[PDB]
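Number of protein chains: 2
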Amino acid sequence: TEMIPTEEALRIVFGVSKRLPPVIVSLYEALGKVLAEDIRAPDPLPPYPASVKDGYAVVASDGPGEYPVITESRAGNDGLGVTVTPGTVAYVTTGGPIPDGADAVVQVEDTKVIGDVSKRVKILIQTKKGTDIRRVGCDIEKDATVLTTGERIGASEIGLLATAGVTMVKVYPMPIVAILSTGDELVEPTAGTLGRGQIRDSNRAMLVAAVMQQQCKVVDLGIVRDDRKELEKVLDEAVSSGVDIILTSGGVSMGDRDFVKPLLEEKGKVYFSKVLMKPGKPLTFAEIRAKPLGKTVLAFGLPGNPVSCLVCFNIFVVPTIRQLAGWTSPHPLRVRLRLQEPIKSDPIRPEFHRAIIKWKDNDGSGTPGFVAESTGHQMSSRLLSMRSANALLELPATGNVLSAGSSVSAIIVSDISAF
Amino acid sequence: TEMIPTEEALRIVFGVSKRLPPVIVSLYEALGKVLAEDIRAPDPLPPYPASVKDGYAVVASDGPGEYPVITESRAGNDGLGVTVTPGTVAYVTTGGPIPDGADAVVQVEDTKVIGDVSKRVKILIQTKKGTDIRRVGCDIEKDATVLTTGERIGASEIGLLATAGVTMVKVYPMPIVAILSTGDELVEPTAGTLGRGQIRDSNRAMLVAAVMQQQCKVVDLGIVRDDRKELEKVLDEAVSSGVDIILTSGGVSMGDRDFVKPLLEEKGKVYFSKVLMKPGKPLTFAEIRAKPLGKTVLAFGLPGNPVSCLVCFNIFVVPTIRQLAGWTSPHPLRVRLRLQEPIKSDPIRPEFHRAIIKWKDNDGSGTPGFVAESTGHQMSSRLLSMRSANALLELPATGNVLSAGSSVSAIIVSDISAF
Ligand SMILES: [Mg+2]
Ligand SMILES: [Mg+2]
Ligand SMILES: [Mg+2]
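The listed protein sequences correspond, in order, to chains A and A'. A prime marks a further copy of an entry chain. Those letters in the first sequence? Residues 14 to 130, 134 to 308, 313 to 439, by PDB author numbering. Those letters in the second sequence? Residues 14 to 130, 134 to 308, 313 to 439, by PDB author numbering.
Source of the hints: derived by calculation from the structure; they are not laboratory data.
Since the list can't tell identical chains apart, any single copy or any two copies may satisfy a pair.
Listed next, the in silico SDA-like pairs over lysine to any residue satisfying Cα-Cα at most 25 Å (straight line):
id : residue 1 : residue 2
1  : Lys380    : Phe439
2  : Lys378    : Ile431
3  : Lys297    : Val121
4  : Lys145    : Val121
5  : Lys378    : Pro388
6  : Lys158    : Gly211
7  : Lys158    : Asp91
8  : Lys158    : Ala207
9  : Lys144    : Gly76
10 : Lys186    : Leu210
11 : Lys135    : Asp116
12 : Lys378    : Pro350
13 : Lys297    : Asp272
14 : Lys144    : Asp116
15 : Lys158    : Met399
16 : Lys290    : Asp148
17 : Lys144    : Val72
18 : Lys297    : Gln142
Generate coordinates for the entire structure from the input sequences, incorporating the hints supplied.
Below, the structure is given as structure tokens:
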């Protein structure tokens, strides 16, 4: 067969893909990236006894009654005020330091201001010691590890970094990706009336947007014609430019002008060039060593057909991006769902059927789960099959018609928030 | 109770949130945004009879045998070459125009080159007319609508825009969001040794990263102290700056220095300020009209506690962002999952329990599905409960202990690709 299964091509790319060296970035540059160090709190949270509620800090043993407001301790006070002796209370807001001597905080809804212009308040409930008080370090202990290496940084992790005072973060960067399209029939997407035999370059803009969705820097190398020396020149510039991944579209098939596959066999080590899969078949993966520091560049000879180009990106390039970016779980999300319509599977090649999936309270069998609708015809040239497709149905090469209501595996390729 | 349920607060914000006027952006600026017009193909795809395979364009009636290669039609040729008469073939690559007279294409694996230096090839199979030929418009018909209004633009949609030659796209923009934190105890996250009663501002950096994850422009207004005139000045500048959403952290509780809620009642129309929910309770939503063009600004008085601040962002601000951005389905993804551990629900307030959910081939009952682990203590001040939390368990106010293995509803707040 010469071609390898998709599970083996993934294992080969996984074994070659190496995590990028960590870098130091600012707080907002660290969003979305994977932590490359442990984060320890230099001080506890809260660093002082803080009030949970707005109200009055009391002595729990005094109980209900009328007491003078001996002092006020709002959020922002230094806490070094008057000691709340038994028989006295202190007004506190949320986050306000608990004055020395207070054992609990009574909610302001459980109090009543007595008198007017010397202030006295009436505690209306009997509270126990420690009520509505955040002890020192109750949320975050001092020197405790709030964030560990390998953890991806989201919005909550950014707040934890700001809580610990970390504004320069050591993370694993995103790979720089160079993208180019091959084909003498390609013209820029700005072209109006097409010439004879000309089509607009769709893969390059598609791969650019796809790499952008992976939060990687894109190096647009433009349209390259089906010329051996030209493709060799662009690849040498791409390898020496400092990129980590090179994405090529087209030129890896069986035509006598497909120079992407041979050139990758010449400049680097091609691990495979054909994969048993639907859609498509040609897919060249090579490891190129930049000749100088010394650097390894991964090359993905993606097929020229728009569907196979984007599918091979979602299955092989996306995990390579995350693995280089330091993800501990680079694999995409895989779920089980029901089929909303009958689908005929290929008898030879396991198909990655494009589908629009959604969560239903009744997936067709009385239980909540995912259901998938087919996007239509699945030819590798019909980019409309990728339109609004958020999952890839992993159909096995059985040749049988999977009726509606059967369960298949699906690779989710984007957030499916469309309820 | 004075406070309204979460379903009603969402209905109020949904009824006030208005979609932003459409703008014209470039191709790469249109990524992630919602289409505000229909996209029609100015020319078919392919615009010419294109070969699917690399091989030879033949006359299907001639059948197998030896034939001369009368011409070559690779990808990039104008297609106005020599007519392939019966008894002749033409070499074609993938995307190459089909010469006039050819009815089918024979795969090069089904051919053999005969002779050498005049070229002759041997067709080894009997093919039917139309095999391995992309007819004009088979993938995309001319004047057909490839993209419709209200469709969010992903990588595949970008390729469709480049296919149709649309480099300037009419989309609905993202709202500009202004963010500020309130609190006399707040210091910048760059502060080292904290002073007495000081904590580092975590909500602002957290909300900035959260709004950035929504692909919105952030207007950082910084830390504002608990001063009535100061907060009034910052809000007047924020309303007149041109932002669409104002996010405030803190100053909406019961303390005598909480000026966010009263000021929003003064400059705009506050629709609610307390919500029946856990964590938290105070949450002020107001609509402010910018006094000049005329503009409506939505204000979210988020609570100061870090957990309640981020939770109220995920439930109320995120759909408001998407609704302003033109999303037809602004609601977050809601699924059903099993509990990996027993959880005690609040008897009064329905809780949004932070959880780390994952898809398992066996969710604990023999069927594949989602399972959720609790993040630990769910106090509104313990931001560690938000750490790596990707779902919000919608626990009902029943006071009963939901044992492990029971099914609850969950709001997914980020892509859960962690397999
Ligand atoms: Mg080609
Ligand atoms: Mg406050
Ligand atoms: Mg998801």
